[PDB]
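The excerpt is restricted to a subset of chains, each kept in its original location.
All chains are identified by letter, namely A and B, in their written order; residue positions are counted from 1 within each chain.
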Amino acid sequence: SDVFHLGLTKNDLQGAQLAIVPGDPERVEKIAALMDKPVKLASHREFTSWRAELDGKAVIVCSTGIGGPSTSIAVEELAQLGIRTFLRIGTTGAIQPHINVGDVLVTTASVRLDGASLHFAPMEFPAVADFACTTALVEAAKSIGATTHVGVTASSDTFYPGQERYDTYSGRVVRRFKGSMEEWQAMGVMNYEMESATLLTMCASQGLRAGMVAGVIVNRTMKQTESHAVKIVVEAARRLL
Amino acid sequence: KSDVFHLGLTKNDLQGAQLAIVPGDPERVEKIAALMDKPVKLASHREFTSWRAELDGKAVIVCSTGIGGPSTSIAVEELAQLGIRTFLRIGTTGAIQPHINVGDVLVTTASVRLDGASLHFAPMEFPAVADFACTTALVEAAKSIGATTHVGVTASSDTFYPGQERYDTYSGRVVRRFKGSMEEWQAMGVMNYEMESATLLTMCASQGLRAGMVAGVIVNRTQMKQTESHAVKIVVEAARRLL
């Protein structure tokens, strides 16, 4: 292995320059099986990687695990192997009343409620997606005729307090996040997730292209939906090779 | 009679306009409006000079913002109060990337928040991101003109001198925060420096207003008639796709 965590070598990628990065390692094979010649490459910790082919071009599918920290490792090591385009596909919960389950959300930029993004750029720097990737995702969503929302996403380092969930062990939410969801809602924020701030910041600050698409599973205010998101990320990827 | 505190305009004055092209200099407002139908002057107070024109039968506003986010925040706010929901920033800029040559066009996806006004609308964590439809229209319009375009991040500074790490000043000093900052932005891929986008993009993206920005490169510190016109044609053409 040429990289410490993934257990992958440059040869394993077979020239691949684009990678689809879901958070769950169990979703890796499912995405790869949607393309040609899917082949499992490795599995270490939360990182499960597969190689497939799209229109004769090698593409990688590698899980990131939950959170910016594990995500930063996968992105960094994939970049070291040659990947220059990263497309995250995920599941999410909207915070806008009009966003229904099954809807597709394409992130233009993210509210940085994480810590890893700061390890690549100061807070003043925008966690913005790559224009081409975002365009590819929006056009792919339209292609399959999905109800799509394009906008800002709040990317939190936590699933509970950071997303202002009170049904917890302590039921306490620290001052910083007390009342935050309503704030985000009034600011037009679409949803909450836990990896985009890190992904988008480390990519945009190092000349790497990154996009983000997610299917709405729940609304604070899967099968078929996740299927949609997955089809969309694969079709978008096809336009970025 | 005016509905707002600074622009000296009434909603009636806009005639249903919902989109405004917002250059910084009031002496460029008429030139921009002149490219459209029925260009009529509306008002001028301070650095806020406004004109109304028509694009494919739809009224459009061209209003200057002045220099800086503070001045820009007043114009955008009051225009929003008059009915404007889409803002297209047009300008000329330098560049901090070697591969960007004079005459190229820059379309900004998001900005580095090196201002103060943006924080009066959203915390620093919030992205000073451009609207997707506006950015798309600008990129498409630029492409139709065959212009060499660069799409990326811009650094929006509250100062023309230290915030852009200029040492050719009275003090010849640059505060710690900005010492060595230009090479950092360059390494992060930042395309250029300008002084109003962080405020514009942040206040719009956090208030349900659509915003985008396009600029013509007139100078490159690492190394303007025609360049300005192209940018202007692009912003007007983009507005056409956003009406």
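By our rule, a residue touches a chain if its C-beta (ideal position, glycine included) is under 8 Å from a C-beta of that chain, and two chains touch if they have at least 3 such contacts.
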item	value
Identical protein chains in the complete assembly, only 2 of which are shown	6
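As a working rule, only the chains that are shown with their structure count from here on.
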item	value
Distance from subunit B to subunit A - Cα centre to Cα centre, in angstrom	30
Subunit B to subunit A touching residues, read off their complex	109-114, 122, 124-132, 135-136, 139, 151-153, 188-189, 205-208
